[PDB]
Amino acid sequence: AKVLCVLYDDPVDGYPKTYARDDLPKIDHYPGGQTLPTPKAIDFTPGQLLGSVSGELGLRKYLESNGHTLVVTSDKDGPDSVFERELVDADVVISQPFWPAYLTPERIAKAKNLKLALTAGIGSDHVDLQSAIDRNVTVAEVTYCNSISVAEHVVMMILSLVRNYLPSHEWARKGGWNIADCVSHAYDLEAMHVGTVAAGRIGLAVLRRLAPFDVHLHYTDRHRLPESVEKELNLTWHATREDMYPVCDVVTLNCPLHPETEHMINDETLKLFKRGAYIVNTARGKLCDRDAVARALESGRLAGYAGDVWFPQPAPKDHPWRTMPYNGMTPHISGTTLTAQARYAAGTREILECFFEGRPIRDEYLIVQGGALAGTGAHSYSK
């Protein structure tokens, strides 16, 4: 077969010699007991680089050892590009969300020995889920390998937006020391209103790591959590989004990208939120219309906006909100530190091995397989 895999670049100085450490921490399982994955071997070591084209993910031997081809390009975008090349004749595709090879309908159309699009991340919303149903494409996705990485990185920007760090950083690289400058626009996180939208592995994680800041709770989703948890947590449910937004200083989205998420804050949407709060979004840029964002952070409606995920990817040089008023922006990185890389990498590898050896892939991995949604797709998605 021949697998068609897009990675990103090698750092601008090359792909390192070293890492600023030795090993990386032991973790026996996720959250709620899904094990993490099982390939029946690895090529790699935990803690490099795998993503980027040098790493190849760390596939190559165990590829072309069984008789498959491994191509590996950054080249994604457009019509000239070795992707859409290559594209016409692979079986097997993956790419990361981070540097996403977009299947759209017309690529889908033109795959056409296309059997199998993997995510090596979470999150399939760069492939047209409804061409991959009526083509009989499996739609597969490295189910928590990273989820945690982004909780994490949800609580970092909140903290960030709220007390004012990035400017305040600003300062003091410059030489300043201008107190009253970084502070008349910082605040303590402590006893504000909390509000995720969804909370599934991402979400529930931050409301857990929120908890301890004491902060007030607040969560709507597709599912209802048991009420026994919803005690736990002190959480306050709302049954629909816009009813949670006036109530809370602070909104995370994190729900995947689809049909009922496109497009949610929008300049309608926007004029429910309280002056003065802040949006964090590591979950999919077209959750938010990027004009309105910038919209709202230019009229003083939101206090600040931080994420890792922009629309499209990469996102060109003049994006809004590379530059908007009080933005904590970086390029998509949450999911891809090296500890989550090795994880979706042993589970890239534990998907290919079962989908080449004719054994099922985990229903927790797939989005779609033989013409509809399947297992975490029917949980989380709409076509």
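Throughout, rigid core stands for the largest set of C-alpha atoms superposing within 1.5 Å between the two forms. Residue numbers count along the first chain shown, from 1. First, how it differs from the form deposited in another entry.
After superposition on the rigid core, the single residue among 204, 150, 127, 253 whose C-alpha moves by 2 Å or more between these two forms is 127. Comparing the forms between these two forms on their rigid core, the Cα displacement of residue 102 reaches 2 Å or more. Core-superposed comparison between these two forms: the Cα of residue 363 travels 2 Å or more. The Cα position of residue 69 differs by 2 Å or more between these two forms after fitting on the rigid core.
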Contents of the next structure:
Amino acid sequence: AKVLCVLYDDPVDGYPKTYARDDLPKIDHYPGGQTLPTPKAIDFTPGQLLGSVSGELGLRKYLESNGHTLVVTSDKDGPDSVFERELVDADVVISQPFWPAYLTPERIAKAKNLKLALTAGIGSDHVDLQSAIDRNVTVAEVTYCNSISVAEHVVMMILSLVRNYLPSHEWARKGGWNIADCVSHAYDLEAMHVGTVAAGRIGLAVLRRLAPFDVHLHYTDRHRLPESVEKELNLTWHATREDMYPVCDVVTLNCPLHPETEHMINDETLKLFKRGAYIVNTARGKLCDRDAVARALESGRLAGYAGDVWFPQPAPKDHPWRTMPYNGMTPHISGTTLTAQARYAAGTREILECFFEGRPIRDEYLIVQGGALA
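For comparison with the form deposited in one PDB entry, kindly provide the form deposited in another entry.
Shown below: the chain alone.
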């Protein structure tokens, strides 16, 4: 069969030959008990760059050994892309959320041998699930592969914003000292109130990690967490998110983007936050009105904003979030650390082997399976 795999570009100076470390930490399961990916074998060394075009998710040898074809490209935007071009007869499509190959209804329609749409990561927002359901395309993802990676990024950014790390580092790097210039916008995180919009795998991991900082934890979600979890973390529930904002010094967004949540942070809802509040958003760029956020930082309503998700993405070279005051942005990378890559590359292989040997794909990985949401 034919596997069409869309990956991001290699580094500026080439594909790395040498890495900072020899191995990766051993983990057996994810919080809650889900086990880590269980492929029959892997043809990469954990820690190597796997999500770039030269890493190939460590799949070529396995695929070619069972007489399958592996097409790897980074060109996936438009009708004239390699991806569109190769889609027609690909049996399997693989892409990561970090450089996604959108499976529009149109493409799904022209995708004649398409049986499996695999997300090497988490998050199939780039896929049209109705069309896959109708056309009987199985949609799978490597559940939990990077939830912890994202939660780490969130806590890092909260600390960095509150403590004014980025500006302080600049003074050091540029030959300065200027203690008062660093600390006139620096606070401790201890005892501040922090709230999460949604408490799913990432939101819960974030709350767990913040607890020992002796912050007061708040959350809002579609449904409340089990009472014992609320008790263990001393959580304060908010039935509406607009009720949670005014009492929080820090708000982290960990919810999906829907029409209901598009632009949920705008000039109007920003007026509900306390003066000097901080926002961290590693969820979707468009949860926030780009200009509303920029205005809040320029004016001082907000004391910091950080995340790794933007709109549009890739972000334009002049996107105002790159240079607005008190930002802690990064490009879209939180779930594509070398560590997270080793898990989703292994997960990707495990699913392929299942699909090819006729075995069932773990239920946890399945999104759309055979005419329906599974």
